[PDB]
Amino acid sequence: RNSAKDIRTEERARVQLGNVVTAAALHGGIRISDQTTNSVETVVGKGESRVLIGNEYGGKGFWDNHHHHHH
Amino acid sequence: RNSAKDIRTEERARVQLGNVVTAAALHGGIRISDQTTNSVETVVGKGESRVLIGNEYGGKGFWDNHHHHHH
Amino acid sequence: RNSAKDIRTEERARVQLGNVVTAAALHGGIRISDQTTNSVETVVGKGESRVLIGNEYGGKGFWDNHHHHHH
Amino acid sequence: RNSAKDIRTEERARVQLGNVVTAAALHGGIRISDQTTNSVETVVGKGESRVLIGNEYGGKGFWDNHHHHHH
Amino acid sequence: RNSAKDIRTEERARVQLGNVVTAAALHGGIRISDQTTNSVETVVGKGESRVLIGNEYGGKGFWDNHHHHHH
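Residue numbers (the entry's author numbering), protein chains in the order written: chain A, 225 to 295; chain B, 225 to 295; chain C, 225 to 295; chain D, 225 to 295; chain E, 225 to 295.
Just so you know, these hints were derived from the structure itself, not from any lab.
Take these hints with a grain of salt, some might be off.
Identical chains share a label here; the pair holds if one copy fits it or two copies do between them.
As the list claims (entries may be wrong) - In silico SDA-like cross-links for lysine to any residue, where the CA-CA straight-line distance does not exceed 20 angstroms: (1) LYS270 / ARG238; (2) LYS284 / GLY242; (3) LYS229 / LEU250; (4) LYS284 / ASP230.
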């Protein structure tokens, strides 16, 4: 149960509602966990900000991950 | 349960609403009496900030990257 | 549970709103009892900031690995 | 019980709000519950700072510490 | 209980607020409750400093103590 109330995407901003199926976590099996409910009131995304409403399923790269620089 | 009020993300920020399930959590125990109601009033993200609302499962890292040596 | 009011994350920062369960913490049953509640009024993180709103469950150590070791 | 007012974290700093449940703990009295009330008003950390607000359960010896008693 | 007004930990410094529960746990005592009340004014630790505000109960011999068998 992933629900949002008020979202405002401005300046090349995008918004997705549902779930994230990544090739790293097999195909779109659908319905695996759903142990916790997710609800958000107001989301503000400006300046190419990406709004993602829904649990993800991957592993190799958490949506946005490509760091190889060791500190 | 994961509930959030206001999340303000700008400057190429990324906001995710949901629990992260990596392939490392597949074929494993995802039920350990993890009963908790997490809620945040206002989240301010400026300068490529990353917001994660929910719990995660994995042993190949801690969402982000961190490694070094002790003393 | 966990409750947070004002959380500021800027300059390549990230905030986690949940519990962190490692792939080695799968030995828990199902039972209801008391549970502590941690709540913070304001969190100000600037410059590679990392906020963790929840409990940690790992066998390697803690959320960080820059210090300490085995025994 | 554990609560904080204002926490400042700068220069790759991290703050943990919860409790330390190491994978060294089993079902032999893990539900410690709210025994003590730890409350902090102002917390200022910068440069490899670690703010741990909560109790630690396990046989790791200690969450964070440099070494044993030196002479 | 444990109260702290101002705590500053900069330059590889960290702070911990809570009681330590060793793997040996409480070998006796059903009347679990806090007795002593410690409140610190202002803690200024810089340079690998560590602030320990809570009840010590580990079993090593540094910022903690134990009985053990002495021969």
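Violated hints - listed by number, lowest first
Result: hints 3, 4 break, sorted rising.
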